[PDB]
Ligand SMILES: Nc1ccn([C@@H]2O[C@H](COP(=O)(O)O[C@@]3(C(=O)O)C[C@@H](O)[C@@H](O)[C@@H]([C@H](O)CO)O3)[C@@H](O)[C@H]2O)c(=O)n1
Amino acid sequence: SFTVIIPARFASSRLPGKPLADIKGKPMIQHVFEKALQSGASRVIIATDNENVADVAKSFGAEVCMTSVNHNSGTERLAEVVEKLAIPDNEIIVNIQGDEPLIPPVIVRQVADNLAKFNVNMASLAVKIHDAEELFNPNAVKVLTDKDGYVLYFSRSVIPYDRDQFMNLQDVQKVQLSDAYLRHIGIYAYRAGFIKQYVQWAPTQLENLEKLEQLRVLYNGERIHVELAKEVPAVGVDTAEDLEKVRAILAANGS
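With the form deposited without the ligand in mind, show the structure of this chain by itself.
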């Protein structure tokens, strides 16, 4: 079995209070909660520092853990939940974002099973990158693993470098990419006890440069397993446009 923790994500610049945005009669956060239940999770916790969100979540039967209103990171907020609920060290925890109402339950279960299968302290997923435009986008995190799926490195820089095609490239948007690129997806599985260790490790020059918190784990020599996601998850909702899109999709799926 495993536990899912869903960060509410109330704070948003272009879509403030999005966790409570209505999507076909239910707040977006409730959709994520229901997808979590459909993944086979034995426990689903909504974590938030917002009283209004907590009240709404409890109203649809969700266990809620209030997180402190500090500066600390997301991983830092996951640790606080583990500590406050006294979650045993070996419990498998899957972190899913509160603004992904269309997250495929199958991939939530996938990362959880992978954590147990390979017995690592941290597991994640990736999806193929097909466009050069996305490949060179620093916002798309590229990842590479060894033959067993154990991560070599994560980076905003393009890896692997294609010698023959990248040498004196003049138009990246027109380069034909090989089938070797992977975009890391921000869905994780951890052993509850490891999160505590993760946050205890000192900040690294590496993570500060790439602005990738997960590099702290690689820097400290901890094995991470990454596998191709069984299904490509939709981008999280953060704009009114994205919200309209999800509403249209859920509207189409019921008639």
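Just so we're on the same page, rigid core means the largest C-alpha set that superposes within 1.5 Å between forms. Residue numbers count along the first chain shown, from 1. Compared with the form deposited with the ligand bound:
- Just one of 189, 195, 217, 57 moves its Cα by 2 Å or more between these two forms on a rigid core overlay, and this residue is 57.
- Relative to the superposed core, residue 71 shifts its CA atom by 2 Å or more between these two forms.
- Shown in the overlay between these two forms, fitted on the rigid core, is a CA shift at residue 103 of 2 Å or greater.
- Relative to the superposed rigid core, residue 206 undergoes a CA displacement smaller than 2 Å between these two forms.
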Given for the second form:
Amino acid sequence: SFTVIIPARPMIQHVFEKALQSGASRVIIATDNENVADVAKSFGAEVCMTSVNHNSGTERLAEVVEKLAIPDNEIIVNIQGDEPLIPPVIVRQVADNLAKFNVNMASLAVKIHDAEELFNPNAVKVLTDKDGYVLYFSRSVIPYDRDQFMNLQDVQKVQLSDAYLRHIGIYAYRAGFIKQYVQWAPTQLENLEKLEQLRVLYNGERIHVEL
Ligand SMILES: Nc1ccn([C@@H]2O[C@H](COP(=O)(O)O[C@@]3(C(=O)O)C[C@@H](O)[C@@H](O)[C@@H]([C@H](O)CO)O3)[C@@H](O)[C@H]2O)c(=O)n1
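After the form deposited without the ligand, can we look at the form deposited with the ligand bound?
Below is the entire complex, every chain and molecule, led by the chain shown above.
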């Protein structure tokens, strides 16, 4: 029974329409610009004006849940306004993962098939435990393949033995958590890597990442 919020600081329309297929019972475009608000409104969207003063989608969602009075317990699925494609079915998966795996933040990943993105700092790497509980997210390749990378010359000699995972920009969290998230001070960790999800891990909170 989730609600979708798309942080949007036409690309957005695709996220928007992919969102509609998700089964979301509400899809809001979160923006900080009149031009985006109007454009968003032009494709039949509920819009929420937010301030410029947010360094992350999660942070912007916090204001959105306040302004709209989204009840604490409502499940919010942040679908970053830059998402390539989302089999909408997955969105329902992550949302239900909150209670399935007993966590305040659920997310998703995809099996990496090209090794060149292992080493791309804009391709965020994620790695979990046996149940999908995240160990760490990084712009650096994780895990490290000592035997293949130690004095590695060709990215194409690299054998990705189903070890690698690329993080997708979709979060599932109840409004109340987004409020808590932003009640935490920004971390050095999230700020070095520029990855909002690292505030949850740093605050001793766990994250679930589904394949
Ligand atoms: N101050 C900001 C910055 C971003 N956004 C919203 O956040 C999304 C940005 O996604 P991103 O910038 O592409 O996101 C990152 C990224 O670094 O690409 C950031 C990071 O927090 C983390 O969530 C990773 C994921 O790991 C997905 O790779 O995704 C955009 O839709 C934007 O409108 C925002 O509202 N306000």
